[PDB]
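Okay, here we've got a single chain as structure tokens, the form deposited without the named molecule, with questions on binding and movement later.
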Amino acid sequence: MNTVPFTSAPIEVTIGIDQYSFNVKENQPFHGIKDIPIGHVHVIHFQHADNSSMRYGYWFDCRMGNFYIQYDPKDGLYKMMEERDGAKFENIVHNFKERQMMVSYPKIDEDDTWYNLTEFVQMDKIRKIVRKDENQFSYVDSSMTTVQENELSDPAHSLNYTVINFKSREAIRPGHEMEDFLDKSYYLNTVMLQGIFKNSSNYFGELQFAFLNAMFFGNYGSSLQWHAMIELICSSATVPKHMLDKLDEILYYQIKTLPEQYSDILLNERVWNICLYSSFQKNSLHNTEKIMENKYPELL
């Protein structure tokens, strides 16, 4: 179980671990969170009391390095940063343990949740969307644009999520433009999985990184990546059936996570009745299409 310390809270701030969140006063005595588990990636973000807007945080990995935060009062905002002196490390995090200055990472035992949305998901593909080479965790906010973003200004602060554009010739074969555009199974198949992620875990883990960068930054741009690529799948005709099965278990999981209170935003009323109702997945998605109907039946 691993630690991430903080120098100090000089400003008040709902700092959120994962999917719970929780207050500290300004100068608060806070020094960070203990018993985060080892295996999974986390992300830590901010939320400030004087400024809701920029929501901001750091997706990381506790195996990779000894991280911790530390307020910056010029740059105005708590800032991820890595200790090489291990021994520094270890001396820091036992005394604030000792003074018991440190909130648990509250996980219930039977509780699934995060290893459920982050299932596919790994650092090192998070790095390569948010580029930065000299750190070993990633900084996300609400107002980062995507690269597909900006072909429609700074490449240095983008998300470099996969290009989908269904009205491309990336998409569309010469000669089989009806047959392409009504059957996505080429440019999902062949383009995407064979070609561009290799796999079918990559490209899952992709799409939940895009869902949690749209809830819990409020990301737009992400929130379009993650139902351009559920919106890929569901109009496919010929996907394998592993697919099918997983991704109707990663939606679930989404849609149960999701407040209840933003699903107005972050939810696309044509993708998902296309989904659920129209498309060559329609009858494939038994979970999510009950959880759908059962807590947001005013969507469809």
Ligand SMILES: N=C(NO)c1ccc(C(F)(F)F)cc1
Given for the second form:
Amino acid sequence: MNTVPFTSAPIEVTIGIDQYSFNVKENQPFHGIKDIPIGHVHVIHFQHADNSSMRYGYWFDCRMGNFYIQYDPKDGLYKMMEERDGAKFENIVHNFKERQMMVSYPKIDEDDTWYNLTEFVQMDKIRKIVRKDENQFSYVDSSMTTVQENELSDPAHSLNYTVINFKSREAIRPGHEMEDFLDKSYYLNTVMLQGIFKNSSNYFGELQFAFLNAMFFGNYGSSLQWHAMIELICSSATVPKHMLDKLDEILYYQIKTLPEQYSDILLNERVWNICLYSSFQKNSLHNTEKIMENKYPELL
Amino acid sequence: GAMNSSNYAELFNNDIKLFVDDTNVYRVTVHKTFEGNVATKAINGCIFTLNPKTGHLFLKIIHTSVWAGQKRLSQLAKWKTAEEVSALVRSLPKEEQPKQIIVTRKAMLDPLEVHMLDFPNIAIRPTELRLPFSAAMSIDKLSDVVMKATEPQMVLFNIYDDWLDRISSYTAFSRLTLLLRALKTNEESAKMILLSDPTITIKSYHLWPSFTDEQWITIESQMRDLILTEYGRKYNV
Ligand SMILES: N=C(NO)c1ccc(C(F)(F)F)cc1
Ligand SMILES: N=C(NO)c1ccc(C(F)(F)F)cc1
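Return one more block: the form deposited with the named molecule bound, after the form deposited without the named molecule shown previously.
Whole complex next, starting from this chain.
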């Protein structure tokens, strides 16, 4: 069980760690988060009390180094940084743990929510979407735009998601215009799965990463990417049977976890109605359709 | 964006553009079967592709063999239209290719856009105007060549005859849309107006009668009255 220590908390802030969150007061004696489960990526995220503009945060994996948070008064944010001196990290954390100045990652033992939301997410692939190679952790915030958004303006600060565009030469074989537009199986299976992603595990991981950035940061471009990746599967008549079953589980946990009060902005009516009621896979998402109908029958 | 009354004069500027109407592409007669069910039988159709500035009409005849063994024909018809329009553009020399294609029905937007992906600089636009191009098959010579076709065929016409020698393309398009609206609202009466004097002949190389300028005024007046009447006979006014 690993630990993300905090140098201090000089400004009042709501701190999130995965799906949990707690309020820290200005200069409250808070020195970090312990008992973080090993084996998963994690995200630690922030919303300042004074300026709710810019939710921001850091994706990280404690297996990859010793990370900590120190507030920067010049840039005005809580920054993640890696401590390369292992002895200093052990000693500072030991003092902090002995004075019980840390909250404990509050994982109920029955609870697989975080595993289910991050099953296919890897930092090595996350670093490809968020390019900042001098760090082992990845910064994301509410405002960052995606490559596809920029094409339609600072490239170093962009989310490099896989570009999906149903009315593009990549998606449409010359001579198969109607066929490929109405059944996207060749775009899904040949172009994307065989060509780009290399396997469905990579397809699911980016899709999951796109959702989590939408939910935690309100990142609109990420919500666009999530929906596009769902629509591409649902609009394909030919999808491996293991993929459909896994997609149903993936989406079920995403819909389960979504704050009820954010469904209006995070869920696209057209995509979900098309996917659940009109598409080739309208009958293949039983768990997702059942939770959507009992939780958001209005959207439908 | 969409073409409407506010930007109407754009049709007659010097940027090449085409209207595409797919109304008459998939045409059926619905009838009873021996068992008392209903079935359709297709008949030849056409794509109506028109340059509103020059009057050049590219009439692609859609022979019933193109539907053989196909399903969801109304959907296929939109994609066949887009295929044939794209083929036509590719067949034209670059300096004759349109800079915009205006579809008369919004359901043609995605099929045409997808078929024209190779032409990113050609704008595909809808329109808010309720254009009467469905009535093209009420023009006897157009109807004749469509029904007689035994194979896919493209036939080229100038839908304005020689009118552009004497009037502008705005005026010619207005005359054409008036004639077609009349034929659409009451075909028999419109044809009576155009054809009840056999001495005003249609030239072999034309579609409409050889009216003098003054006769065109009288004809146009008669067409307006017919349209307003039918709007009367319809809504009772
Ligand atoms: N200010 C620092 N270094 O100069 C510093 C403060 C705290 C840590 C921690 F152990 F918590 F990770 C690391 C570095
Ligand atoms: N192979 C990929 N395609 O880019 C890919 C796989 C996983 C992720 C993740 F979000 F999970 F980090 C991102 C990308």
